[PDB]
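Visitor: Each chain, written out:
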Amino acid sequence: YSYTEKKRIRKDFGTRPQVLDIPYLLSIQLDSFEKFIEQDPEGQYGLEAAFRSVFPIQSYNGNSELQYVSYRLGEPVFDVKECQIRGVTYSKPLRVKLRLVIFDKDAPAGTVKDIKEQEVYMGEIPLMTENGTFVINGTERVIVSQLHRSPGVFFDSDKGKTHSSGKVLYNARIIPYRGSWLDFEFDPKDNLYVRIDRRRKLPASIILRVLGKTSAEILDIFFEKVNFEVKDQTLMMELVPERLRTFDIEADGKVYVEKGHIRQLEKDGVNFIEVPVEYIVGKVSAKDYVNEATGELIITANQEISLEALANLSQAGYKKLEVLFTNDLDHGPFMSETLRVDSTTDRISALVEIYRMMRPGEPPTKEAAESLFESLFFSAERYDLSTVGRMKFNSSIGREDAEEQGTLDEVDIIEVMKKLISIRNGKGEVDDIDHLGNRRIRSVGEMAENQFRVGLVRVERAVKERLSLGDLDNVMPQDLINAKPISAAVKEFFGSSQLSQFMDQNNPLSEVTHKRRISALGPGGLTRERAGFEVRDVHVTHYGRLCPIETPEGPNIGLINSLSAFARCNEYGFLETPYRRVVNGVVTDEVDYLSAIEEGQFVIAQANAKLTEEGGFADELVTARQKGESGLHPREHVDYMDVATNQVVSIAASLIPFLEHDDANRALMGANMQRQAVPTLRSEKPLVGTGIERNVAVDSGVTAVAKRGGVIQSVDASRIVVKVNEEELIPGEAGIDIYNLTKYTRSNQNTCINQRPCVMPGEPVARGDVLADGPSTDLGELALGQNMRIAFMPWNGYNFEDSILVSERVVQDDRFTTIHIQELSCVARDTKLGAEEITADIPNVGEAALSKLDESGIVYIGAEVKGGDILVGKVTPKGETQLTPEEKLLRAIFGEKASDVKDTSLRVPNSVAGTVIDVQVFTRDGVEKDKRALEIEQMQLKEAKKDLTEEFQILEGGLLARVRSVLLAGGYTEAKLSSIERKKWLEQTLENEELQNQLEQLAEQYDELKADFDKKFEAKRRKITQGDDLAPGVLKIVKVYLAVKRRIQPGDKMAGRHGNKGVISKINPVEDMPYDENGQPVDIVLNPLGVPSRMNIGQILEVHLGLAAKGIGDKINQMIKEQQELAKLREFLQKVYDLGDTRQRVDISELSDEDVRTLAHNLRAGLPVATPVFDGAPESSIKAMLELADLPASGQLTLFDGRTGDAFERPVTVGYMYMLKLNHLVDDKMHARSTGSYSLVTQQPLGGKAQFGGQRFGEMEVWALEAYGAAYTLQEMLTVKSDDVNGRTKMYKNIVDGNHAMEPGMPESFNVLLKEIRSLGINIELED
Amino acid sequence: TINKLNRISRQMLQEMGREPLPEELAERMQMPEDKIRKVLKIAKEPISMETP
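From first to last, the protein sequence lines stand for chains C and F.
Residues 3 to 247, 252 to 266, 273 to 1340 (the deposited numbering) make up the first sequence, in order.
Residue 467 is where the second sequence starts when you use the deposited numbering, and the numbers rise one by one after that.
Bear in mind the hints are in silico, worked out from the structure with no lab data behind them.
Accuracy of the hints is not assured; some may be wrong.
So these bits of chain C aren't anywhere near chain F, every CB distance computed over 10 Å [unchecked claim]:
1. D491
2. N494
3. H554
4. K735
5. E876
6. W997
7. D1041
8. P1044
9. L1200
10. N1235
Over 12 Å on every C-beta distance to chain C, these chain F residues come out as not near it, computed from the model [unchecked claim]:
11. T467
12. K470
13. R494
14. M495
Only pairs whose alpha carbons sit at most 30 Å apart, straight line, appear in this in silico DSS-like list of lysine-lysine [said to hold, decoys possible]:
15. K943(C) - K510(F)
16. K431(C) - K203(C)
17. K507(F) - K1051(C)
18. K504(F) - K943(C)
19. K507(F) - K844(C)
20. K941(C) - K507(F)
21. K1051(C) - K844(C)
22. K1140(C) - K510(F)
23. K510(F) - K914(C)
24. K99(C) - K470(F)
25. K470(F) - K1028(C)
26. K1035(C) - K507(F)
27. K503(C) - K501(F)
28. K94(C) - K470(F)
29. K470(F) - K476(C)
30. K503(C) - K510(F)
31. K501(F) - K215(C)
32. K1065(C) - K1078(C)
33. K1078(C) - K507(F)
Heads up, the beta-carbon is just placed ideally off N, CA and C, and yes, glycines get one too.
With the hints as extra help, turn the sequences into a complete structure.
Guide: Quick look at the structure:
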């Protein structure tokens, strides 16, 4: 057990041992971006592939070319923290070595006349942080992986839902990564037809003729030939035995049935047969027949044979005639029919028809048509069937060559057409489009590579154009490349893409789920409205790959999925899941990662299968699945097993205890709202958990995990210094590790990110141990909510529907109080009248509002501010303003007139009260810094000086301790060393060369220990001192950070992990809560009526388990309080940890006395228990736990009404449930407006709380008012409340003067409509 | 003037690897820095009101 987990061991109720630990949760992002950035010597992945795909760039004439050499990434200007603070993108410069070889015109082509090599700046590539996030424009973003259709050829059908009859129509679609789409479909008349780029449809023989194929060649390829010679003045068909198995059969020795089995007569075998003439009448020819004497074509290929044609062939002397095979079941004349309808007769006419289909209304030329075809599919510049696409294509048509080609060809197209024909005939099956073997995962690396290639093509056109011209004597290759298009492409991808999303940062679980999210939307994907039922459904191939529970509930159902716990992406981008090999009947611990196509063949048993001591299956017929169908299978027929019980559910679903007792509908909600929890002041572990919390907490990156083991040297609320162990030191290193903790930092959702130390001075720590707990973390365990005592009973209608009744003590102990950090900005700009100034001289404002402001006009740090308080005082110059006569008289009476500048200052939003915790001042280069700017600059410089001095002091203490040890190799009295003053050591004098050379280099190194640290400190001074690059016209930006403590109150949404959400209805006093016989009141009362109908039973079990857990904790607390002997405590702990037949063996013999006391101290507030999903605690284990804690086995206690003291007539389920505070607070949702801003065009109230807008009275509301008959209320809403500019002002005046009457007018929207219709050249006028 | 400023900005960003600063652009153009800022503030195309 690790040190961090030995502090509080969670009891495991699982029974199945785990053979594979859950892998790193953020691998899907980090691996992809490492593929993108890391150099590939093979040149197949990342920036190298794009470079070699675009380069070399060749001039049209041939004068010169630009070729690729290598690339590298420079050092970042800022780190992550400074990029976030300043508001700039965290990125690395890209420098590419390019050389411009110049060819010699006089010399033959290919002679290198000159070479010019230079490094070219090709833009800034954004960098992925260690946690899989990007810092774009100062904010954290996550790029969501995309589930898109895999490139290749897909065979599908209309399922008989298009034509009037059934007529199942089959089509084949060739979809590349880049290029045009090729479609081969059938028509209701049984003709193969071809489409390119989804335009007007043509016969499929045109694409065959444009490759130089004669009709005879087409018939030979797509048909089998039966031959008919003339032997001994008789008809002579070459008999193929398989064909025979309406006439009299020849071979009189073996006569078959006449005009009315086959194998018995075919056993002897003959090669002769005679058929009537009519048998030839119905057939069609196969080749063109030419007569030399006549010089004409007697019969053409693909023509109906007639008696006259037979006679003509007879007179021509020809004896051999071959005709195509045609049936109604297995072989079809489709190709012959589409040859018949097709009017093309040569390659040129086919190209002309293809050109008319591509480019209509343009004169067709041979060179133009030829070019169009070559480019559409056979050009690597415009067509790319990538490696995954080529692999899928070859698997589809069974081709075992051209594995490195990305352009279609003769064999590919003809194989696709043949396979479609075979599928129609009956041999073959259509493909499933929802099958995960046909859908691919496309991650950050691939998308970034594609956008970089787009930018490179943009720069390649201009590079080609400039290379065409020949003035390259004084031209360097850095003068040819413009990095702005490339930078624009990458910035567009990383900031404006639909899949580049604002990070969800409510809690670590939200972060992890967002990093493991897959979207079917985005570029190259689906749309919300056009998506159908089929793509939203759960496929049988989603087992172990996509979570069937976690998905948005709404328009995005089925379109956004979550990666499974053990799911992985192979090199081709297809999801794969691990399985255990079954060898010789025993389940080997060897893990094979299988994809859906490989999964289909094998028979896979489930993790719930019983196993014996020898490793084999217990029961003869085990449950398993094959080809996506579950069933019962023999033991010897099992090939694979599941690796874990949480293999099919995602992390959020895996964090729900007793998931197997909950419906999928409510498990969906539980998983969704586990990502909406808001961290509280005090993070508390869940009493009932699943054991995955540690993985989420560690892998989210919110916690401070030790990089190297050792002993903690120093702990402080913002810094941890660790003395590294002697076995893990890099030679010549300081020997210390410094962890600076994040303290009260705004998140993306205006929450608080705070890291609290969980280690004391002198505590040993190993690698991977948790040093500081981030938000929603308790001792390295994910802690999203709080454990609350729960009573399942109705209480006077205050838990009606989904309402929640909460005791006042919950508010008193601040169990659900949350810190929300809000950022406000004041931008002083340059206007035409003048420059806006930030100052404390605010007109028309008294000294009361200037108390919290300083001389510079910025609020102090730590000032408690309420709504309307001035934070930054800003005055803007204002133009001449015309005054009414009454205002002139007022100014003449009282001579107060000071309107040179107008007060537009930053004020706290209404109903917001908090403390200013941070102020940041950004000043443009060349603008005088106000006193507050220099104060913050001095504070930052002092902080940098102190931090560098302290860091250097600790690291030099460690390194001088190493020096000390190197001396201790011999061992002496360093008291003599201290006899000479520390600085005076450099003043010593040694004459011996052995000692003096030592002293020489020691002095030369001590003086050099100053140059590097001075360089570091000078770089820091440069960063704080330098000016900020603001937007044009912006002079100064002042940002104020407000910390607001939000307590629980009625209207706040609170929920558990089983989908039972609710809104708090009343904060009841403690004396009105139900209480047990011991006088302990319940804190939250829930309605039982919501359990049975939604069928989420896992909460009740959890409640029972929670009760038992707390009971055991109480016992431990009692044992601690009574100061009992440690032997009794050890015995009790062993008894607690030995309950049930679990996989966990926690024995306390090797736990030291201090370790035992620490564990008991951590178990005071209840014993944590782990119930893995689908391997949870049975009811018997819960009952045994309850009996241990001296509690009823039914989990129901006798409660008393606090308002009367009378016991309730029935026992009530009382326990402890883990409840969360969702990010839906009534403070941010309560809005009201009487009059405010209005729209510019429609003259209507704006929309939103941020704009102080009004509610929308939509069409349905108008219908309801009309149904009521409320004409006057409807007229009020339409005219005097929305867009009657005179009417609403008159109504306001009338209400102010008491007369509640209105004078309705004409809405401005109708006038806008009138003007628009008149602008459309239509006379609309209101008759009178 | 705007086009030549963009050309010089491109060349300078190519030369030094980072975005040129107003003062350096003014030095290279042999023009006052205030004029450079004035030119930089007018090179904006109006945004459409129908943008999502």
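Visitor: Please work out if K94(C) and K470(F) have their alpha carbons no farther apart than 30 Å.
Guide: Measuring from Cα to Cα gives roughly 28 Å; hence the hint holds.
Visitor: Per the stated criterion, does the least C-beta distance between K470(F) and chain C lie above 12 Å, as a non-interface residue requires?
Guide: For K470(F), whose nearest Cβ neighbour in chain C is about 15 Å away, the distance exceeds 12 Å, so it holds.
Visitor: Just double-check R494(F) for me: nearest Cβ-Cβ distance to chain C has to come out over 12 Å.
Guide: Holds, because the least Cβ-Cβ distance between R494(F) and chain C comes to about 16 Å, which exceeds 12 Å.
Visitor: Can you confirm whether the C-alpha distance between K470(F) and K1028(C) stays at or below 30 Å?
Guide: violated, 38 Å
Visitor: Quick one, are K1078(C) and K507(F) close enough, alpha carbons at most 30 Å?
Guide: violated, 56 Å
Visitor: Decide if the proposed pair is consistent with the structure: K507(F) and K1051(C), CA atoms, cutoff 30 Å inclusive.
Guide: holds, 23 Å
Visitor: Quick one: work out the minimum CB distance from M495(F) to chain C and report holds if it exceeds 12 Å, violated otherwise.
Guide: At about 17 Å from chain C, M495(F) clears the 12 Å cut-off, so the statement holds.
Visitor: For the pair we were handed, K470(F) and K476(C), check the Cα-Cα distance against 30 Å.
Guide: holds, 22 Å
Visitor: Are all C-beta atoms of chain F more than 10 Å from that of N494(C)?
Guide: violated, 6 Å
Visitor: Can you confirm whether the C-alpha distance between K1035(C) and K507(F) stays at or below 30 Å?
Guide: Cα-Cα ~26 Å, so holds.
Visitor: So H554(C) supposedly isn't at the interface. Is its beta-carbon more than 10 Å from every beta-carbon in chain F?
Guide: It holds; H554(C) is separated from chain F by about 32 Å at its closest Cβ, greater than 10 Å.
Visitor: Can you confirm whether the C-alpha distance between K1140(C) and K510(F) stays at or below 30 Å?
Guide: Cα-Cα ~79 Å, so violated.
Checked against the numbered hints given earlier, this structure breaks hints 1, 2, 7, 8, 15, 22, 25, 31 and 33; the rest are met.
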